[PDB]
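Okay, here we've got a single chain as structure tokens, the form deposited without the ligand, with questions on binding and movement later.
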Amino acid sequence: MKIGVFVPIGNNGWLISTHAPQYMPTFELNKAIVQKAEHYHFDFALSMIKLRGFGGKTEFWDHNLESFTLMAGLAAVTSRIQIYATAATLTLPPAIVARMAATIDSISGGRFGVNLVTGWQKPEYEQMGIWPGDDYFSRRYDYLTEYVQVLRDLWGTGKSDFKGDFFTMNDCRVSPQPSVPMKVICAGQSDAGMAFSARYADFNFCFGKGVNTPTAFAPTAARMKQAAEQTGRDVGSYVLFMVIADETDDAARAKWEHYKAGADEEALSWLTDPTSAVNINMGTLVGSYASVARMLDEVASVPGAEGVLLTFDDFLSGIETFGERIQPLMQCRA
């Protein structure tokens, strides 16, 4: 099974709590996380793009860097880990993304890929006058389909004459082309998003589910496999989890309860043994190092599942204990 880190490009990472660690997104902090992840042989690092926050006491995700420039900086100070940036396809013309991808290909020595998203949060776009209208909800995958067509032409041949409902290329040129086949990833959950992934992506990110129910995502992995049958391409599922680990189950539980007890209620209204809104109801693994190792091995046994994307309650020490105490107990990592 492959392991990735979801880098905190937004303040406070993925916890919405006055009891969680408080921190701004900085290059230097992201550099330390990624270099540490590479040291423990994490396979990849991914950053999202979030253009509007949720406010509250913690000003949650009011502070966010930009994904491509962050990942270019990170590529420059690593050498082995795969590096993925997110393109919000409403905000960048495909030929720019094309050239940015070739650029970070040059920086990393062929370790860069791109996560393509439609966007769905109207305020992110309307705040700057570029929301296309409420039709986009149902049509966004048609839009992304044209978008990826243009990228593929440009990476593939260095030119495009594509013409459709949303783009017109008249001998558009982008060169150099990537030194290695350019990876595309997607995060579609719906039927239409999974069909997109099956056609054009190298793998599909989905959500882990529940708290200490590591296999509860299995029906999503099953749908993605079905979608992949329709194109006969090998597109596996990578699953997002939060890891809250400690020396014992008891201690990890105490940490999780403390976070939830500090829930930033105001930030949470803007947004909206069960999951909690404090980490946006993300699939959560809470336990001793050994317990988490076991649940991750349970994840590796789900048909479809090729990897996990990890967040932590604290990234610098979370990566540490992952490398030192969790990874070494994992069958799927030996």
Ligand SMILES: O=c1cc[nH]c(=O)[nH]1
Contents of the next structure:
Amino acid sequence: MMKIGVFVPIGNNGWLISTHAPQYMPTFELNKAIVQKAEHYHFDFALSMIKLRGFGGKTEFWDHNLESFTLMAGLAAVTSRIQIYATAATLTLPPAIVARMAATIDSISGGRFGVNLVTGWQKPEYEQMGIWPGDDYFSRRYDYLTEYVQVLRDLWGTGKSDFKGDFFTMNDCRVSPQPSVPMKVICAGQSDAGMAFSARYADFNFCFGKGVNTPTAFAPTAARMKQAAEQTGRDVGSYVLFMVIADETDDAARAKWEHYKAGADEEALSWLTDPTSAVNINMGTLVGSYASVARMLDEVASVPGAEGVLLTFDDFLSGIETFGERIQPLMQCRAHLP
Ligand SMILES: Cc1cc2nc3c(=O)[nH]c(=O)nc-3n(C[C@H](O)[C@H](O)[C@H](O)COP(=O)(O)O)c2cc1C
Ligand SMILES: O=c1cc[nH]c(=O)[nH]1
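Previous: the form deposited without the ligand; requested now: the form deposited with the ligand bound:
Entire complex below, previous chain first.
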């Protein structure tokens, strides 16, 4: 059995960098339609990233991005069952503010909220607003994140912090109310330091799916994460990111994938800098008939450590509908749904 989440398009054109891919702005109403349809099909969770600078080109790729906490606060108000995760770019928000924002969305959602904590990697997202700490941050960023999460855990657990470190000084810091349920923390650590952080402080770790139609190719990453979790004695599973391009036949899905690769927005791809393609940032891609994708997702569910998948689509509104109507009913790992 495996959990399914939707990675909501908080940035324009989702995860395809192509003039032949669907062209759309991230609105609230689009993300509302996506999350309500996901909830209707018993998706377990919805997550938004945070992306503070785009890649330009013909498609202005990720030049247009909403902010994650405010988006997910709006989505929490128009849902009732799906788990809601927002991403904190921890260089941009003081931990006491994230603590209070999480208590707030806990109140909006009736205990369905969690936080994805990221260090940030892309210097320009931070340099552009004068808040990059310097190139020491590449090596020290999980030290920073360790202090950050200690402040969050004090505030959510007791309502107060006296934490004092290299990066934070709390003098009887107060945040109440405390969340109604234990606050879920997720991390997207791929490095040794990142997985060591996740093993100590996260409920689950997000990793990248790998290759095109090689669903189990990420297995060594999920194995590293299981070894990290052994070092803390904590149950910290892997949720794996894939793009699904499904149709009625294998040949039809392959034709769509090829059509997207042929439109690659090369100018946007240079800023960024059966194989994976830069057209979806070399994402793990599952391309097939509804039945072929259901079989491949059942193979993901068999990989040691894999507890769920985070899904993008080529078209979210039609991709969620065909997932719910044609793919999910054939998945052995979703036989637990009503
Ligand atoms: C599903 C997923 C979501 C991510 N979201 C973001 C994000 O919103 N913002 C960001 O700066 N980095 C994000 N990242 C980058 C991770 O935090 C990334 O794997 C990490 O920065 C690289 O691993 P390392 O930090 O251990 O080297 C994401 C990664 C994954 C797998
Ligand atoms: O940095 C990011 C954010 C979302 N999706 C990715 O593949 N990378």
